[PDB]
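Next up: a single chain in structure tokens, the form solved without the DNA.
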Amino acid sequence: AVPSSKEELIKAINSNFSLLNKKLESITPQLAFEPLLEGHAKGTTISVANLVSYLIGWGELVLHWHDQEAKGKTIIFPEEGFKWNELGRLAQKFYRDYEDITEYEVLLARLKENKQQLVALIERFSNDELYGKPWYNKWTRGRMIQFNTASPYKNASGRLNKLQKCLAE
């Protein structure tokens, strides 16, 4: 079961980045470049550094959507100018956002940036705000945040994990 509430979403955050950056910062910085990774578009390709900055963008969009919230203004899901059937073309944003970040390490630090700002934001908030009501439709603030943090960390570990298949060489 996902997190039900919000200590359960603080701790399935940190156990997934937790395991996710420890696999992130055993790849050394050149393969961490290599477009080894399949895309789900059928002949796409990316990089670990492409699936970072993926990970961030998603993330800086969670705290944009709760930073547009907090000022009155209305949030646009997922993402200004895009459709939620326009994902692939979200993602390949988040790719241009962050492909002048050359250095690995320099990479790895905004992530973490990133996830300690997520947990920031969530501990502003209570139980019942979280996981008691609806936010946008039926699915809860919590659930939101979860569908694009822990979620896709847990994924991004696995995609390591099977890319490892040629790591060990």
The other form holds:
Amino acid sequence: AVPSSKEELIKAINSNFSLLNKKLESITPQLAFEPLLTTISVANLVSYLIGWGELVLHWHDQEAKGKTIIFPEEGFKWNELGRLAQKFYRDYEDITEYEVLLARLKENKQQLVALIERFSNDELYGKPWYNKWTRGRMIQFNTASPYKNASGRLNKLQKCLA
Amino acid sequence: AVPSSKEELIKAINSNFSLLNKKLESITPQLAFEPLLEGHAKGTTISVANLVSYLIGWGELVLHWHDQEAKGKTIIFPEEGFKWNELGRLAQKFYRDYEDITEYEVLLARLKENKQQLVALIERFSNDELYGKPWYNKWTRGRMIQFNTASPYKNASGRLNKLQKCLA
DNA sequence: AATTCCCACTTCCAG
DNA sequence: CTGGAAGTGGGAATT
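Having seen the form solved without the DNA, could you give me the form deposited with the DNA bound?
What follows is the whole complex; the chain from before opens it.
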């Protein structure tokens, strides 16, 4: 089902992260930076996940400080999401130890979950936030959804052996 | 069931519009612009005003289809820039298309004027042209019109019934 | 979502 | 067996 309450949103994020997390440590630090996925790496993909997660936190930073949010990101438009994926790859290009990469994804995920707990259910799925899209729906678009999508491309990859 | 003739199509439109319009008129203008409703697309919140905008967008789109046909120009289905799996994305366009209409009475007039043009248009087609042969893919012209006039009218009545149970 | 896409989940021969 | 085409069936589509 599509998440439609605060409780549902949290549980989707936890579950999709769990499974994706398990598939991610299943990769060795050596394979993770090779190009196996117009082809990228697990490292590239996890940076894409951190870029989006960081960005969602950034939106709420901006919002908290009374500042107008620039969606999706400054210098980008919603039809350019692959170009925003290029920026994310580079943003974390110099994190060369897989172990730190996964640790940074995991703590980002934790912050997002903490951010959601901070809002009421009306704040997440009752009111409109970005045009008609609710705050919770927006958060799911760029967290729980790409977790699933990412874990997909992963289990396909593990089917390369041997 | 589904209208099968020019006569049925025109009556189902006038009925479902008359019904829907009764519920729409029994909603305060102040309330009608409040965001309250889960929208056509999951994870959105919309007003009763957006609900009407959705109908106006679909009806004018239907008139636009025919305007294209009347000039001998190729129709783009469902609309320029949207594939058929992007109807959620189109509903949003329809909200924005009419959001500068801030007076509820003007907006229901726009829906009323739109519905009159739609039946006036059905009036100029024979039954054969409406239900006699396919017009787009396998559907008949009448089906395509009913599916975006009569049906969404009734659908909007449904949501208004459910909301009428609470009145704050 | 009329359709469209994208998964997960099969068959079922080729190997 | 055994990937792995290739075809199905259900659910979501979004920003």
